[PDB]
Structures are given as C-alpha cells and as structure tokens.
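The lines below spell out each chain.
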Amino acid sequence: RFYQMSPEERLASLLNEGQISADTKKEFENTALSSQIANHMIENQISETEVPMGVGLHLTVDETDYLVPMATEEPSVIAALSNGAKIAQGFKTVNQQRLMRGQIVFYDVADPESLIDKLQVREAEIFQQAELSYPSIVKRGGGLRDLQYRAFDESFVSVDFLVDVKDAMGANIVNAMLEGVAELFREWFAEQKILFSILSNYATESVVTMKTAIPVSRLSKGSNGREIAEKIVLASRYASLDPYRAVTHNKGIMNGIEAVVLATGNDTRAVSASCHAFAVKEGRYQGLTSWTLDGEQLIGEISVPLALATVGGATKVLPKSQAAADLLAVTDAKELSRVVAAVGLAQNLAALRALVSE
Amino acid sequence: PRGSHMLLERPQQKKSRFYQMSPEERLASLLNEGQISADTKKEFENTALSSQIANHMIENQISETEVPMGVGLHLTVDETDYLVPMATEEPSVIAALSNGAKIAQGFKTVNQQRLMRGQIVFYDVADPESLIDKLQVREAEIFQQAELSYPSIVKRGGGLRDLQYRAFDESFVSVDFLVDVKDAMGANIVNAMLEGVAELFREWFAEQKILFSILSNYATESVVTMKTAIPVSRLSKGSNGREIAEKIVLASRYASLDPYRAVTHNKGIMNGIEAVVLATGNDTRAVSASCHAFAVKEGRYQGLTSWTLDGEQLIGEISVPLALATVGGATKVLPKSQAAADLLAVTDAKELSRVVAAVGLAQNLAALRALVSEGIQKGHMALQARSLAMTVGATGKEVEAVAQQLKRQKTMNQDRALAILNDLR
Ligand SMILES: CC(C)(COP(=O)([O-])OP(=O)([O-])OC[C@H]1O[C@@H](n2cnc3c(N)ncnc32)[C@H](O)[C@@H]1OP(=O)([O-])[O-])[C@@H](O)C(=O)NCCC(=O)NCCSC(=O)C[C@@](C)(O)CC(=O)[O-]
Ligand SMILES: NC(=O)c1ccc[n+]([C@@H]2O[C@H](COP(=O)([O-])OP(=O)(O)OC[C@H]3O[C@@H](n4cnc5c(N)ncnc54)[C@H](OP(=O)(O)O)[C@@H]3O)[C@@H](O)[C@H]2O)c1
Ligand SMILES: NC(=O)c1ccc[n+]([C@@H]2O[C@H](COP(=O)([O-])OP(=O)(O)OC[C@H]3O[C@@H](n4cnc5c(N)ncnc54)[C@H](OP(=O)(O)O)[C@@H]3O)[C@@H](O)[C@H]2O)c1
Ligand SMILES: [Ca+2]
Ligand SMILES: [Ca+2]
Ligand SMILES: [Ca+2]
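Line by line, the protein sequences are chains A and B.
Numbered by the working numbering, the letters in the first sequence go through residues 1219 to 1576 in order.
Numbered by the working numbering, the letters in the second sequence go through residues 997 to 1421 in order.
Some clues are possibly wrong.
Claimed, not checked - Have a look at the derived ranges for each label pair, beta carbon to beta carbon:
#, chain 1, residue 1, chain 2, residue 2, range
1, A, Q1366, B, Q1016, 51 to 61 Å
2, B, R1198, A, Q1515, 24 to 34 Å
3, A, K1310, B, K1205, 30 to 40 Å
4, A, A1240, B, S1046, 43 to 53 Å
Treat the hints as calculated values from the structure; they're not laboratory data.
Even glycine gets a Cβ: it sits at the ideal position worked out from N, Cα and C.
Bound conformation, chain A alone:
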C-alpha cells in the first residue's frame, strides 16, 4: 500500500510507526517543488532535497559570454569557477562530436565471424527496422548512424549502435530502437541467443575538447606569474603519475561540471560515469586535463564525453531546470556541452592555482 499512498499519507504512516520524528515530518512537508510534479516523477515520494544554486561568473566560450547556473552544497566552488574563468578570460572549442551509443550482445556464439558476416550483408534491413522502432527521431533529422561489430573471447558478440538523438540525452530513444532491432535478430537467428539490449553510457562519440591560452602574468597579482604556471604544469603532470592525485584532480573538475549538469536537470550519474571512465588512458586512471607552457602562455586543454541534454528527462518538467536554462541561454545540446566542458577546465585552473600558491 505504501507505494499506492499519497505523499501526505506516507509521511503520516512513517510518523505513526515511529520511523520519523514529528520535527522530521514538518521538515519533509516544507517543499517548493509541486507535490504533483514530484510525486509523478519518482516512486514512494515523500519530500525533496534542496541544493543551493548560485551563478558562476566570467565564462566566455568561443567569444560568447555565459552566466553558469551551479547547484552545489560545497563552499568556494562557485567562487573558484568565477576566479578561474576570469583568469582564463576565454575558452575555445578544439573539436566536438555528438552521437549516442548502444549495444546488443549475443552470447554462446558458436562461430562469431559467421554471425557477424550475416549481419553486415543485411545492414539495409537493420537501418529499416531501427527507423520503425523510433521513427520520430528520424523525422527530426537524427536516427541510426552506424553499425559496428566486436567479437570477444568467451563467445560474446556485440553489435554496436551509434545514434544521433539531437538535443535529448537519448536513453529512451536508443533503448526503444535496440529492443525493436533485437526482435528482428531473434527472427533472423533462432539459433543464437541475445543476452541484452541496452544503451551504453560511455559516450566516447560525444567528446568535447576545450582549450585556453593564459598570459602567465594573469596567474599572480605580483611578479611570480611564470613560477605559478610552472608549478601548475608540474601538478597536472603528477596527476598522470599518481592516481591518488588524478582522482582528486578530476573530482575538482566535476565540482563545476556536476553543478551545471544538476542545475539544468541533466543526469549526474551518466556524466560522472563517462567522464571518469574516459580518464582511463593506457590502463591508468589519469587527469582529464593537460597543462603545458608554450612561451609566456599557460595552455590548458580538457577532453570529456558530455552527452548532455536540453530536452527530455528532467530538463523541462522541473521548473528550476527551465529557470537555469533561461539563465544559461544555450540554443542546443552541443552548445551546452561546450559550455560545461569549459566550466570543467576553468574549475581545474582555479584548483591547481590555489593548490600550488599556498
């Protein structure tokens, strides 16, 4: 019955059964998100978590000014972003891509190559079925983009689906498309077995690279601008050597990125999973940014998979997500990813500069 009760009835049941105090109940009742919206978004809803939201300052991306909504519970995070962006002055997009990835995994595959060669010769029909399983995205101008195949040891075979989901995160688009094609596969190969069909959150085809060039004089109010830069460069390289520093290094970056992702109603677990997994380069967890000295300029670069969204999920139904989107005022998801990647690099600059200046 608990999952069938109203929020008001669930709180009363919790109090009646001694599971929460009376003051705890009154606090759970002090909400600002409409009960209608919250109760229909999740299950067993009783209340809300309120995260303070502030405005990150001085971010410029490709000669466009931005005001960054940042939801965070940690002090100094928004100030660090603002000081880091002010010092950097601007950020420039080195390259951007935006495709989502999914997979259908066969198991107990007798001869992998046989199965794979079978699929490659019928790719036209697969694209046909993928359109039928979600035709709306194809009308918007997206849809399936490529098919890839990977044969693994232990008799696994993965069919990789790369999709253009436009401004959505794409989970429900990709999952629907994959389950529809899975049916066709089971019709084509009654012999074979399908372990699962699901989207991959490792969005290596949604990577964004930002960069910044900083006159070393801006790194200090005084004369030791180059000294601070040389130590920033040293700190960044040590992240490539000590995972115990790289994790803190990337955590500092995600303080800014996850604040914007949260404020705009995007999925924080998805972005945190892809970014940290993308940090694994050459079998070692390293930093997501590089800092080098080219003459009298400190040059920083960031590369992160940012399959973010401006539509779908919680980006619209939560009024605060719409308000944060009004403040940021990005026109599409690709732009959101560029702004978020710049926030990451700005956060990292403020963190390293403070780390080596003390």
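Chain A is fixed; fit chain B with the ligands onto it per the hints.
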C-alpha cells in the same frame, strides 16, 4: 575586437559587487540586464531552503535546485531493516531498488575499512630513496606535529594512523597519510593536518621543495564489501529462475570484458548510491570519483560487482570506497539532510557506508534481472503509464485501470489519459 564579460553590467557602482549583493538584489540585477525573464525570477524566488542558510553555504546564491526524494523499501543489512531516503530525478530508480532488495531479502558485510588518505608531494627530488629513509626514521615527530596541527580530532579518538612513501619518475616523492576522521568526511581535518606537517618538512629540509599538500579523494582505505545470496527461484515470477541467474552471471562477466558495458553497469549502481549520498547531504562528486576509479582493476575499467552461481544460489558482491559522513559538510546545516538521516536511522558513518554499498548491489540486481529478462523498457513504460494516470487525476484503483488502457495505445499521452479517466467516472 574583444569586449569585456557582460557581468560588469550587474554591479551597481553608483552605490556593490554581485558576490556582495543579497539574493534578492542578485535576481533583480539579473532581470534588469536581460539575463532572465520575470517568470524565471519568480520561479527562482520559490524556495524551501532558508535564504540565510543557502546564501552562506555557497557564493553568488540566487535560488535552489529541488530534487524529489522517495523511500526505498525492503532493504536488510546485517539482519537490520532500513528505510532508505533516495533523492533522484530518474523514474524507476526507487522502485527498482525496492524490487532488488526484496528479491535479495538481505545483505551482509564481508569486510570494511575506514581511513581517509592525504599526501604531501615533493618535486625536484635528486635521490628519492634517500629523502624517504631520512623521513621514515623521524616518524615519531611527524605523528606529534600532526596532533598539534589539529588536536580536536585526536581527543575525539582519531588522527594520523600510518605513513607510507612512494616515488615516481625518480624525481617525485609522495608521503601518504592514513587518517581516522571518525564520522566526518575528513577534508578539512586532513588538509589542516597536512599543511601543518608540511611546515616542519620545510624546516627539516630547506634543500627540498614541496609541490602541494592536500587530501586525496581516492579513499582506497574506506572500502566496504557487501554480499548477498539469493535462491535462484526468487529471480523470476515463472519457472526459469535458474536460467535468469545464469544470464545475470554472464552479464556481470561481460561487464568485465567490455568497458562500454561496465560504465553502464556501474552507472546503474550509482543511481542508487548517489541517491542516498545526495539525500543525506554528502559530497556526490567525491563518491563517484573514488568509486569509478576503484572500478579500474588490472589496467581495465570493469564492473564494481561480481555475480556467480553456487549450487541453487545466486551470489552477488559489491566492493566500493565510501568515505561517507554523518557529520560536517552539508549533513547537518541542510534541514533535509537531518530529516533524511532520521529516516535512514544509522548510528555512525561506518554503518552509512554499509547501507549505501548494499543499496548499490540491490540496484545492480534489479537492473541486470530486467536487462536479461523482459528488457528495461517494459518496466519503464508501465511506471510511465501510472505516472500519466496520476497526472490527470487518477485515484484509488483507477490508477491501474487507466494505465491498463494506456498500454493499448500506440502512444500514451496526457491528452488521452484524461479521456480514459473521464469515461471511467
Ligand atoms: C520497475 C519494476 C520494479 C516493475 O516491477 P514488476 O516487474 O512489475 O514486479 P511487481 O510490480 O510485482 O513488484 C516489484 C517490486 O518493485 C517495487 N515496485 C514495483 N512497482 C512500484 C511502484 N510503482 N512504486 C514503488 N515500488 C514499486 C515493489 O517493491 C514491488 O514489490 P512489493 O513491495 O509490491 O512487494 C521492474 O520492472 C524493475 O525492477 N525494473 C528495473 C528498472 C531499473 O533498474 N531502473 C533503474 C533506472 S534505469 C538503469 O539502471 C540504467 C541501466 C538499466 O542501463 C543500467 C544498467 O544497464 O545496468
Ligand atoms: N542507460 C541509462 O543510463 C538509462 C536507461 C533508462 C533510462 N534513462 C533515463 O532516460 C532519460 C533520457 O532519455 P530520453 O531523452 O530519450 O527521454 P525522452 O524524454 O523520452 O526523449 C526526449 C524527449 O524530448 C523530445 N524532443 C523535443 N525536441 C527534441 C530534439 N531536438 N531531439 C530529441 N528529442 C526531442 C522528444 O520528442 P519525440 O518523441 O517526438 O522525439 C522526447 O519526448 C533520462 O531520464 C535518463 O536518466 C537512462
Ligand atoms: N578535495 C576535496 O574534496 C575537499 C577539499 C576541501 C574541502 N572539502 C569540503 O570540506 C567538507 C568535508 O570536510 P569535513 O568533514 O572535515 O567538514 P567539517 O565540518 O569541518 O569537520 C567535521 C565537523 O564535525 C564535528 N564533529 C562532530 N562529531 C565528529 C566526529 N565523530 N568526527 C568528526 N567530526 C565530528 C567536527 O568538530 P571539530 O571542529 O571540533 O573538529 C567538525 O566541526 C565538505 O564541505 C567538503 O566538500 C572537500
Ligand atoms: Ca559500419
Ligand atoms: Ca536568458
Ligand atoms: Ca608504514
């Protein structure tokens, strides 16, 4: 050309900088400079967290993000029943956690440690092996200064516990500090302790140079491992319980071969873990950072859980570093954190980490069972049909009736769910 940033438009210099203004003044300035609409300003003004609390926690505060919070059910850890506060915006996460916990019935602790790491890193070290030995013999005084740099923790029963040393590139040296921060996360306890020990490191060695002294979020000494044992019959409403178990084992095994699946595998785990971390006012970045880095094993990003078959039993196990906290940070200054803490009803941070790890394993179970059984979509659409019913006003047993009819529709809507509801009345 290169004009300045549009923020220097927000200052009221005829009087005040943005970071000095009050939240109300900061919103008025935002509206007057064309950055937000009137409706957006009013929505920002609709807040439940005290303005005095929010404004003094962060900088340039203007409003708040509201994440719905629900209650996960059926979780049992070490023969104790729990009600898990879960803060999330994703549908089905809480229902899946309840389903996964119900299927497993309970979780037990295999091992647990709780120590926060810190590091003081030397750079430009000529002979690393020399400086190291020069430090190992003076550990008696290193432990003493650590106590005076932050004595409060030592009288509460904690403080520095161990010192280890590593060298990289034959030019870097790192002094590793293992600290017991009790129920706090330990960031400010460690940092202050390390910056104080760095001082005498300079006094001792005017020859060497320190690059930085700071905590490490990679809390490999806060790993907690949870276990579960499920009769295969509980994995299906039908008769193929074992078949399902066999598929879950392979899905878990496949995660260990394809990082593209492992990331999604751990993402599902973190849907539950981060939802409790957020509800209790803990630092979500620190947990996801240490958890995903811990996922890297033998030079390969893999799944954080293992699933194996032992006779008629499906055996699941999770291992993650959870340096969570029950005090400090945002665990108390945020009233909702205290309310969520009253519901979870844990006594210490060690118990918090144990419950959160179990939540992760239960979450993993629900996802994997659905993926290898009917698929992830069927469950989602069903919850979506019920949500669309309550939106239009479905009550009582009309919730399932309207959801049943929405299933028949090729495309479910709020426009059509209202039509179904009115006919029933
Ligand atoms: C969604 C269910 C639970 C449907 O549930 P069902 O299969 O129809 O079975 P049921 O309705 O008879 O009851 C299932 C139990 O789940 C709970 N439950 C059931 N319905 C509700 C509800 N309305 N409100 C609250 N709780 C609910 C409830 O505890 C219930 O038992 P009971 O308490 O009644 O004895 C099932 O399909 C399921 O578990 N799906 C898993 C979906 C999931 O894991 N979602 C997480 C977000 S998606 C994700 O993780 C991404 C992913 C999957 O890609 C990660 C990965 O790949 O690993
Ligand atoms: N593996 C995973 O991690 C996983 C698994 C399951 C669920 N999820 C969750 O599923 C959600 C993300 O998936 P989703 O975005 O596809 O949900 P969605 O809300 O159903 O899809 C996007 C919505 O935005 C609309 N839209 C408007 N303009 C669009 C545009 N330019 N491009 C694309 N769509 C546009 C779409 O309309 P049309 O239908 O007409 O196209 C659609 O209704 C998140 O809540 C996520 O956390 C994640
Ligand atoms: N790299 C990073 O992640 C990083 C860096 C810097 C800061 N931070 C932030 O710093 C905060 C976490 O650090 P913190 O935990 O040390 O915050 P904290 O609030 O300063 O420390 C814990 C507080 O709880 C009190 N307390 C009561 N009972 C305790 C117990 N059993 N054990 C420990 N403390 C107890 C302590 O009293 P006493 O004062 O007497 O000791 C202290 O005031 C977070 O806001 C975090 O995001 C993170
Ligand atoms: Ca191809
Ligand atoms: Ca605007
Ligand atoms: Ca030792």
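Legend entry - Earlier hints that do not hold, by number: 4
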